[PDB]
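Listed here are the chains, written in short residue letters.
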Amino acid sequence: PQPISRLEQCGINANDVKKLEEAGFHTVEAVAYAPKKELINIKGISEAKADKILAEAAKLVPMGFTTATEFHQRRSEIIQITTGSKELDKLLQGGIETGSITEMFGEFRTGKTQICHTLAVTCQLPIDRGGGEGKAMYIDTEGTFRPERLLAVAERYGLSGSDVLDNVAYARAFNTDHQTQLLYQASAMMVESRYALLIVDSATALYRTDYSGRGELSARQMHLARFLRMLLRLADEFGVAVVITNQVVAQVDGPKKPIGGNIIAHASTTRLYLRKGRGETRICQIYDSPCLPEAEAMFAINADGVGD
Amino acid sequence: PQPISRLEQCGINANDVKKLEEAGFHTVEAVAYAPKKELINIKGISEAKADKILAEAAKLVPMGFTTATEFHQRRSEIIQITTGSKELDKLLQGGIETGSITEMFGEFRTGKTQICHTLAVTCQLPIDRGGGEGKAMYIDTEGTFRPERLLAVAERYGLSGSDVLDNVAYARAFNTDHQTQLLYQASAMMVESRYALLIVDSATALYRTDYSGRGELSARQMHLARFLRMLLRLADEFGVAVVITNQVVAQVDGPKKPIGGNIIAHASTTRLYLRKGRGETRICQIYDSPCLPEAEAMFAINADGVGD
Amino acid sequence: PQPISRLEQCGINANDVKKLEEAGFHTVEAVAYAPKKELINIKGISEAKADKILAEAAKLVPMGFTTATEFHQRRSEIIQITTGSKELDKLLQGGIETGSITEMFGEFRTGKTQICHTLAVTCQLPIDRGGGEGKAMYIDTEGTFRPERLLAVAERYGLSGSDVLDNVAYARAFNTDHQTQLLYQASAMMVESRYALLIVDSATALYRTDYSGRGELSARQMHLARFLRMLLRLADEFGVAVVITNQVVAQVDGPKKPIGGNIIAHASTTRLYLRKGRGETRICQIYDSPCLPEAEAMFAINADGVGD
DNA sequence: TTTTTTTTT
Ligand SMILES: Nc1ncnc2c1ncn2[C@@H]1O[C@H](COP(=O)(O)OP(=O)(O)NP(=O)(O)O)[C@@H](O)[C@H]1O
Ligand SMILES: Nc1ncnc2c1ncn2[C@@H]1O[C@H](COP(=O)(O)OP(=O)(O)NP(=O)(O)O)[C@@H](O)[C@H]1O
Ligand SMILES: Nc1ncnc2c1ncn2[C@@H]1O[C@H](COP(=O)(O)OP(=O)(O)NP(=O)(O)O)[C@@H](O)[C@H]1O
Ligand SMILES: [Mg+2]
Ligand SMILES: [Mg+2]
Ligand SMILES: [Mg+2]
Numbered sequence: 022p023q024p025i026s027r028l029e030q031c032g033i034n035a036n037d038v039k040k041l042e043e044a045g046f047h048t049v050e051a052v053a054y055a056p057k058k059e060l061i062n063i064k065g066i067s068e069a070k071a072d073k074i075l076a077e078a079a080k081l082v083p084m085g086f087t088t089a090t091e092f093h094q095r096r097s098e099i100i101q102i103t104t105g106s107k108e109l110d111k112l113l114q115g116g117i118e119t120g121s122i123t124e125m126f127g128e129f130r131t132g133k134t135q136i137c138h139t140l141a142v143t144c145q146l147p148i149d150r151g152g153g154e155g156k157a158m159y160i161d162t163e164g165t166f167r168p169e170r171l172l173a174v175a176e177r178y179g180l181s182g183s184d185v186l187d188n189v190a191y192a193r194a195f196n197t198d199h200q201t202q203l204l205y206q207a208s209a210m211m212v213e214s215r216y217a218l219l220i221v222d223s224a225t226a227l228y229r230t231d232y233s234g235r236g237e238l239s240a241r242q243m244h245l246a247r248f249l250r251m252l253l254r255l256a257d258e259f260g261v262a263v264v265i266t267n268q269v270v271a272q273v274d275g283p284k285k286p287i288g289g290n291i292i293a294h295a296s297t298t299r300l301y302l303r304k305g306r307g308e309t310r311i312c313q314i315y316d317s318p319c320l321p322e323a324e325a326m327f328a329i330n331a332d333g334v335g336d
Numbered sequence: 022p023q024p025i026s027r028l029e030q031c032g033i034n035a036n037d038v039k040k041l042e043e044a045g046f047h048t049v050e051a052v053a054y055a056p057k058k059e060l061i062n063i064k065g066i067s068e069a070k071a072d073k074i075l076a077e078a079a080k081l082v083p084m085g086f087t088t089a090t091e092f093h094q095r096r097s098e099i100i101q102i103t104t105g106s107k108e109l110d111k112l113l114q115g116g117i118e119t120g121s122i123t124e125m126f127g128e129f130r131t132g133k134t135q136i137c138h139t140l141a142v143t144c145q146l147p148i149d150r151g152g153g154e155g156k157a158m159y160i161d162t163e164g165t166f167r168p169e170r171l172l173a174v175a176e177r178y179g180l181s182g183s184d185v186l187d188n189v190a191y192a193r194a195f196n197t198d199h200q201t202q203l204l205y206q207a208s209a210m211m212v213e214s215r216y217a218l219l220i221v222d223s224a225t226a227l228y229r230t231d232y233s234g235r236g237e238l239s240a241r242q243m244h245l246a247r248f249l250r251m252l253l254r255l256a257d258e259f260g261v262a263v264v265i266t267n268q269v270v271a272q273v274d275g283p284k285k286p287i288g289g290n291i292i293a294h295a296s297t298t299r300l301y302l303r304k305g306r307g308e309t310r311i312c313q314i315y316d317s318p319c320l321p322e323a324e325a326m327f328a329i330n331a332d333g334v335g336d
Numbered sequence: 022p023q024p025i026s027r028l029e030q031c032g033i034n035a036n037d038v039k040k041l042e043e044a045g046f047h048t049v050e051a052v053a054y055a056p057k058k059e060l061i062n063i064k065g066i067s068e069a070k071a072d073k074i075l076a077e078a079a080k081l082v083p084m085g086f087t088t089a090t091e092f093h094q095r096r097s098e099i100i101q102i103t104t105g106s107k108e109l110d111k112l113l114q115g116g117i118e119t120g121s122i123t124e125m126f127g128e129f130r131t132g133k134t135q136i137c138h139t140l141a142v143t144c145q146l147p148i149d150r151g152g153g154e155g156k157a158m159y160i161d162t163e164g165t166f167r168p169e170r171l172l173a174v175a176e177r178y179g180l181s182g183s184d185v186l187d188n189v190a191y192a193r194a195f196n197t198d199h200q201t202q203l204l205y206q207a208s209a210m211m212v213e214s215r216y217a218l219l220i221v222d223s224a225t226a227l228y229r230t231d232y233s234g235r236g237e238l239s240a241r242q243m244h245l246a247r248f249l250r251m252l253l254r255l256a257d258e259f260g261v262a263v264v265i266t267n268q269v270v271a272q273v274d275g283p284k285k286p287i288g289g290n291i292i293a294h295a296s297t298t299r300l301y302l303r304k305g306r307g308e309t310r311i312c313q314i315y316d317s318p319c320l321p322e323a324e325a326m327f328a329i330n331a332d333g334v335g336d
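Residue numbers (the deposited numbering), protein chains in the order written: chain C, 22 to 275, 283 to 336; chain B, 22 to 275, 283 to 336; chain A, 22 to 275, 283 to 336.
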């Protein structure tokens with residue numbers, strides 16, 4: 022959460038750092054989490070300056086070994102914003118964690134984006150309501166974004182819908198290339214003030230299209246790396262939770285399978301494979317999380333969305 | 022396990038050696054396993070000093086020929102920490118060996134990191150339980166680290182979870198560049214006191230990302246060499262076991285394949301290709317080990333992890 | 022096989038020769054195969070002494086022209102130790118030759134080191150079994166050395182595993198710089214008593230690591246020359262067979285390729301490009317040998333290793 | 001001389 026001015030100290034020129042701001046960096050942790058070469062790669066830099074930028078970075082951010090008990094206390098610290106549905110929350114154990122990544126597995130008609138709206142509303146909630154209390158930025162590629170729904174879950178909780186719209190920042194994307202731009206813009210938006218949650222219903226979606234198969238292939242994946250990694254960094258510098266929604270290919274052989289292949293799957297700190305039962309009610313089975321036993325349970329898609 | 026003070030003998034200045042500590046070295050074996058040039062490359066050194074540092078190094082560490090029977094007795098000596106599952110242990114023949122390297126082959130949802138937590142817990146175990154009795158340092162790039170799980174396998178065995186957290190040292194990485202830093206920090210952490218196991222769930226993971234293809238390529242590989250080699254040295258100076266977890270590309274042609289290419293594969297003293305069957309149960313097929321016939325067998329992923 | 026005492030004759034001081042022993046030389050052939058300058062370069066020498074050392078060297082070792090029929094008879098003389106597998110032996114025409122060099126081409130998981138263990142066991146065998154009857158010294162950089170396996174192929178043939186361990190001398194290396202040291206140590210070990218085979222699974226391996234690219238490059242190669250040449254000399258003074266195992270880079274362009289570049293390839297008297305089929309069975313294609321037509325054939329990796 | 005990346009439906 023910490024501005025580089027605190028690194029803008031101990032003799033570094035302000036100017037070059039101001040150049041650094043342009044590249045994307047804004048946190049002290051940015052350099053604390055900076056790849057060395059990539060910081061060197063900004064022009065208007067002498068490498069030794071990068072070296073001492075690392076010096077002050079290390080100086081204000083520990084990155085060495087720490088005791089297990091400590092990190093254990095940090096795992097106490099995670100506010101983990103609630104779904105707004107008690108029993109997904111019991112599935113997720115207190116809801117989606119702060120500073121992590123999430124996945125939506127589904128065909129269509131599932132309401133996964135609907136989940137994402139309900140989350141975007143509930144993030145404003147005071148922690149006693151299970152919220153994280155932070156402004157929310159939402160990015161949609163299909164443009165489905167439903168401020169109406171924001172007003173709806175606002176009606177579910179009574180905080181003014183105008184306050185709901187006070188947060189949630191929506192920019193319509195299109196390129197995979199635009200996404201990263203939205204990400205750095207997101208960063209600059211961040212250090213201004215605390216945010217709760219990043220949402221991307223369709224982080225996968227653009228890649229099927231900008232890249233028409235195949236090979237590419239690698240190149241397609243090659244960009245998600247550059248994409249997905251950044252997401253981590255954001256969560257790594259604010260604790261901001263991260264939600265990813267994936268369109269799922271049909272599997273063919275002799283089924284589903286998430287798109288974006290393995291490279292998404294490794295970054296995938298957690299996974300949620302959704303399904304449709306009768307009615308609003310839909311089935312939610314967990315995959316891939318250290319936090320949790322694999323399991324499943326139902327949740328409804330009400331006029332105010334996720335609940336019972 | 023032997024501090025350089027024992028080399029800090031027979032006339033060498035303490036100071037220059039204190040400079041050597043800074044470069045990374047801490048063991049007598051470090052110089053006993055030192056490349057010549059690289060020791061010379063530390064500043065504040067005259068080369069002849071390096072020469073006589075080799076003199077005392079050889080003086081306290083044999084590096085010449087030895088009888089096969091002797092090394093055979095050392096192969097009796099390997100405690101080889103058990104998995105906590107008897108039948109992987111029968112696959113691995115008494116579990117993962119001390120002072121070696123290991124590999125996790127899997128897609129996602131496999132529990133390979135889960136294996137790594139269970140190992141991190143079991144390392145504390147007395148040798149009769151198949152443990153090595155040593156403090157454990159765990160490094161995670163995806164941050165999945167699950168102290169909860171540590172408490173869990175603690176419940177599996179009853180040693181206090183607080184004791185479990187007494188060991189296992191966790192530092193969150195990010196750069197490939199940070200990794201090596203964590204490694205030297207690891208060394209300094211080592212010579213302080215005995216450790217059992219190094220774990221890295223995602224030693225491969227950062228390289229896909231810091232390096233976006235291609236070429237690079239070589240450079241990417243070029244770093245893993247510098248990385249992987251160090252791991253050996255650690256195991257070569259403490260007997261500390263080493264676990265590597267690799268994210269696996271999809272293979273495309275007309283399948284899986286481990287990432288990091290050949291250069292990982294050569295260092296790979298052993299390999300474990302994992303798969304998902306139904307339920308907690310997952311399939312474990314061995315690759316690439318002098319120790320073992322190639323084979324496979326099942327193991328479950330319980331609430332306390334690896335077992336039956 | 023001939024000690025310098027036979028050169029320690031016709032008036033040379035014993036002392037200076039004793040100094041020569043220190044530099045590395047031990048055979049009469051050493052000076053018979055000595056570079057002039059390098060012998061002069063030992064201190065405590067007057068050049069004329071080197072001159073007359075050449076005089077006695079020539080005096081006890083012919084180095085002039087000889088008839089083709091004679092060398093043809095020597096090509097009858099090569100015992101060429103068998104693989105322990107009849108059909109590699111038919112590939113290699115009677116197995117690996119005495120006093121030559123060999124190469125392992127493979128990715129990983131190939132069993133090339135496994136071949137090297139099986140060879141190390143079979144060298145003890147009486148010539149009727151296709152062995153050379155000699156003690157075997159094995160050097161491993163990755164430490165994979167498997168005395169267990171020695172006992173295993175011992176079980177394959179029934180000579181006591183204790184006798185197997187009576188030979189095979191194992192020293193763990195690490196530097197490229199250490200290697201040469203192990204080589205001179207090897208020499209001193211040699212003239213003591215006859216040996217069959219030198220083995221180095223990983224003569225290439227250390228160079229990727231001690232030298233991080235590039236340039237270096239030349240320097241890297243520069244050392245292998247100094248390395249590989251010595252190997253020849255050993256084989257040139259004992260008939261000891263020489264086995265080299267090479268880790269193979271991925272080739273990239275628009283494949284494999286052996287590492288160490290051309291300079292290894294020229295010394296390479298022979299080459300064996302290995303591959304993996306199904307099961308224990310692996311594919312062996314010959315490259316680069318005057319002796320042989322280029323060809324390939326299968327061989328299995330049994331519990332007792334190379335065979336059918 | 002060094003050096004693999006990458007699923008779609
Ligand atoms: N006001 C509402 N009341 C009840 N159900 C609603 C309401 N609004 C939307 N839904 C349901 O929410 C779902 C909307 O589709 P949804 O699955 O959210 O799109 P998606 O998951 O993004 N699939 P796609 O749009 O193809 O990418 C449907 O099941 C709708 O019936
Ligand atoms: N308490 C638990 N009880 C049972 N199973 C569990 C429990 N916690 C985790 N698991 C299982 O362990 C696995 C966790 O995913 P895992 O394969 O360990 O991540 P991973 O191997 O690192 N893949 P990735 O995270 O994408 O790099 C899943 O199969 C979970 O269902
Ligand atoms: N007892 C055994 N029975 C059957 N096969 C075995 C046995 N021991 C080892 N192997 C096989 O031998 C091979 C061991 O790997 P190997 O290729 O020898 O290492 P390598 O060639 O040196 N590659 P690397 O270790 O990365 O440098 C694998 O195919 C094992 O399955
Ligand atoms: Mg949706
Ligand atoms: Mg895992
Ligand atoms: Mg081998």
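Accuracy of the hints is not assured; some may be wrong.
Because identical chains cannot be distinguished in the list, a pair is counted as satisfied if it fits within a single copy or across any two copies.
Taking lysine to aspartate or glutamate pairs in the EDC-like style, the calculated list, with each CA pair at most 20 Å apart, reads [unchecked claim]: (1) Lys64 x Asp231; (2) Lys70 x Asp198; (3) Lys73 x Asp37; (4) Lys284 x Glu128; (5) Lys64 x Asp149; (6) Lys284 x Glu68; (7) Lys40 x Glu77; (8) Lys70 x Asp37; (9) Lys58 x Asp231; (10) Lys284 x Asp316; (11) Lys70 x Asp187; (12) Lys285 x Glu128; (13) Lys284 x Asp184; (14) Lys304 x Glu324; (15) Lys304 x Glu322; (16) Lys304 x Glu237; (17) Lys57 x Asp198; (18) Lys73 x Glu213.
Calculated directly from the structure, the hints in this document are not laboratory data.
Evaluated hints:
| no. | hint | result |
| --- | --- | --- |
| 1 | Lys64 x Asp231 | between (30 Å within a copy, 18 Å between copies) |
| 2 | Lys70 x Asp198 | between (30 Å within a copy, 17 Å between copies) |
| 3 | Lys73 x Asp37 | within (12 Å within a copy, 24 Å between copies) |
| 4 | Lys284 x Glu128 | both (8 Å within a copy, 15 Å between copies) |
| 5 | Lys64 x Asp149 | neither (47 Å within a copy, 58 Å between copies) |
| 6 | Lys284 x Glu68 | neither (48 Å within a copy, 36 Å between copies) |
| 7 | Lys40 x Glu77 | within (17 Å within a copy, 22 Å between copies) |
| 8 | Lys70 x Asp37 | within (9 Å within a copy, 28 Å between copies) |
| 9 | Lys58 x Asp231 | between (29 Å within a copy, 9 Å between copies) |
| 10 | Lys284 x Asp316 | both (16 Å within a copy, 18 Å between copies) |
| 11 | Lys70 x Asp187 | neither (40 Å within a copy, 39 Å between copies) |
| 12 | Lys285 x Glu128 | both (10 Å within a copy, 12 Å between copies) |
| 13 | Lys284 x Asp184 | neither (39 Å within a copy, 43 Å between copies) |
| 14 | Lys304 x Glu324 | both (13 Å within a copy, 18 Å between copies) |
| 15 | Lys304 x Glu322 | both (19 Å within a copy, 13 Å between copies) |
| 16 | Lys304 x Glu237 | neither (33 Å within a copy, 29 Å between copies) |
| 17 | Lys57 x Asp198 | between (23 Å within a copy, 7 Å between copies) |
| 18 | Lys73 x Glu213 | neither (26 Å within a copy, 29 Å between copies) |
Against the hints set out earlier in the document, violations occur for numbers 5, 6, 11, 13, 16 and 18.
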